[PDB]
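As structure tokens, one chain now follows by itself in the form deposited without this ligand.
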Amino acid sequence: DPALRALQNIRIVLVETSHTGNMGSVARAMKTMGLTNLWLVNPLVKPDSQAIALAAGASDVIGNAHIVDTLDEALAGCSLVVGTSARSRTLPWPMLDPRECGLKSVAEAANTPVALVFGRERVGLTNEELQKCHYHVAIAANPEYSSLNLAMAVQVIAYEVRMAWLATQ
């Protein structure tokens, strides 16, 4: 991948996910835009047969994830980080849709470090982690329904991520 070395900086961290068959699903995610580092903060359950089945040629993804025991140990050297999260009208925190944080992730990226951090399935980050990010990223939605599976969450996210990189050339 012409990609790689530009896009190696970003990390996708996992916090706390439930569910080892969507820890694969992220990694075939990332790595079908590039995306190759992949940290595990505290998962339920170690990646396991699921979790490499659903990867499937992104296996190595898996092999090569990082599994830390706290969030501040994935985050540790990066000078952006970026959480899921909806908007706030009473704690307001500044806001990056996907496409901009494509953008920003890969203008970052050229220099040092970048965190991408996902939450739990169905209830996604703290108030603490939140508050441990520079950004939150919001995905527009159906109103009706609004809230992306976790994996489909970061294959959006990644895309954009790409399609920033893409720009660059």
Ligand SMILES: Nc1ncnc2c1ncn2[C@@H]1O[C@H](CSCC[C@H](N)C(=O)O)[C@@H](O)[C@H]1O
The other form holds:
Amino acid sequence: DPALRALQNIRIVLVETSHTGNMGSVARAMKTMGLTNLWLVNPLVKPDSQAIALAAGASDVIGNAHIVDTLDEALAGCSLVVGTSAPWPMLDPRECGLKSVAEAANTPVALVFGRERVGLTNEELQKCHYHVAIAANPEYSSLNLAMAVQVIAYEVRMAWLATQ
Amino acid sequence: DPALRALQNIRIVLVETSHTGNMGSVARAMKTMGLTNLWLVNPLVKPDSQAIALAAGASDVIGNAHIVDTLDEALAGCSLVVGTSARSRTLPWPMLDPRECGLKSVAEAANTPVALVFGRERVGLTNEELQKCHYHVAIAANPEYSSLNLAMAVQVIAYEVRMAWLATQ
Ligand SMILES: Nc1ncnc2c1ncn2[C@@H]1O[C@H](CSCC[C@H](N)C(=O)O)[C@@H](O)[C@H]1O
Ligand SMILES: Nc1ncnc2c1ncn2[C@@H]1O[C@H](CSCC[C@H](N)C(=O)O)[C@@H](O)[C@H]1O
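With the form deposited without this ligand done, generate the form deposited with this ligand bound in the same format.
First the chain shown before, then all remaining chains and molecules of the complex.
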């Protein structure tokens, strides 16, 4: 992937993921967009055969994932932290893509995703420079965790492609 | 949803979906973006408990899905048909990216039905199926690993549809 080096500094950080299936789906979503750098903060369960199954061809993303106890560990070294949630500085996914790719050229960037039902807590959201909301149906705005990663990752790759 | 009526004309058409879980996930992806009109063309098995479970709050999109025997049935009365496929040397076809597809889809759906056609897990659409489409849409991806899960591909396409709609506001 010609995009490999441009994107490798972008950390996808999953906070306290409940289901290993979603970790797998996340690794696939990432990998399709060229993202390789997965961080799991205190997952309920560590990745297992169901995560590997759903990762399929991207099981190497799982295999290389950093698993850490605390969010601060996953954010350590990042010049840009973006949290995703359905008063703070807001980006949309397209702007998040553009900003991430530009900052990732130089330094690590963290794109932080929350728990399947709860999302990110207030204390977690206050660690981010920006928040990203994916514009959605107000009747039903909650994407599946992996689907949300796919949207963000997709806009990251579009941003990279524009630099070409 | 303020988008409801502008997006109502857009049909998501899944061809021969194998796994009921994927029908549910697609229903969820669709609903979150304001799309509600799902067509299943010869599904291997009809939506069951697993579709309903993965649909979560979107089980009404499953509930209201049109199930038909032939792709032609799902395209009948559509002025624009877009199918998901990579660029092909074998069968060259005019290509959109998801962004252009959203823009074309929303412009067209303000007036007439539009069909966004997705293929089988793993293998996609046949050439005969692909020749019923005005355009093909290719999601640009990692050359080492360029196939999205069915429901993920729907999520991206639907996302670009809603972004196109949002542009109009
Ligand atoms: N509309 C949306 N915009 C941004 N992120 C979303 C989203 N829907 C889901 N997510 C991501 O998916 C995770 C699980 S959904 C958690 C509940 C709620 N939808 C929320 O966003 O807080 C979220 O923490 C977030 O990282
Ligand atoms: N990179 C991509 N671009 C467009 N659609 C894709 C895609 N990856 C997966 N899909 C969708 O998910 C379904 C199962 S995956 C099969 C991929 C298909 N053979 C192709 O070339 O596009 C496909 O039929 C398609 O609807």
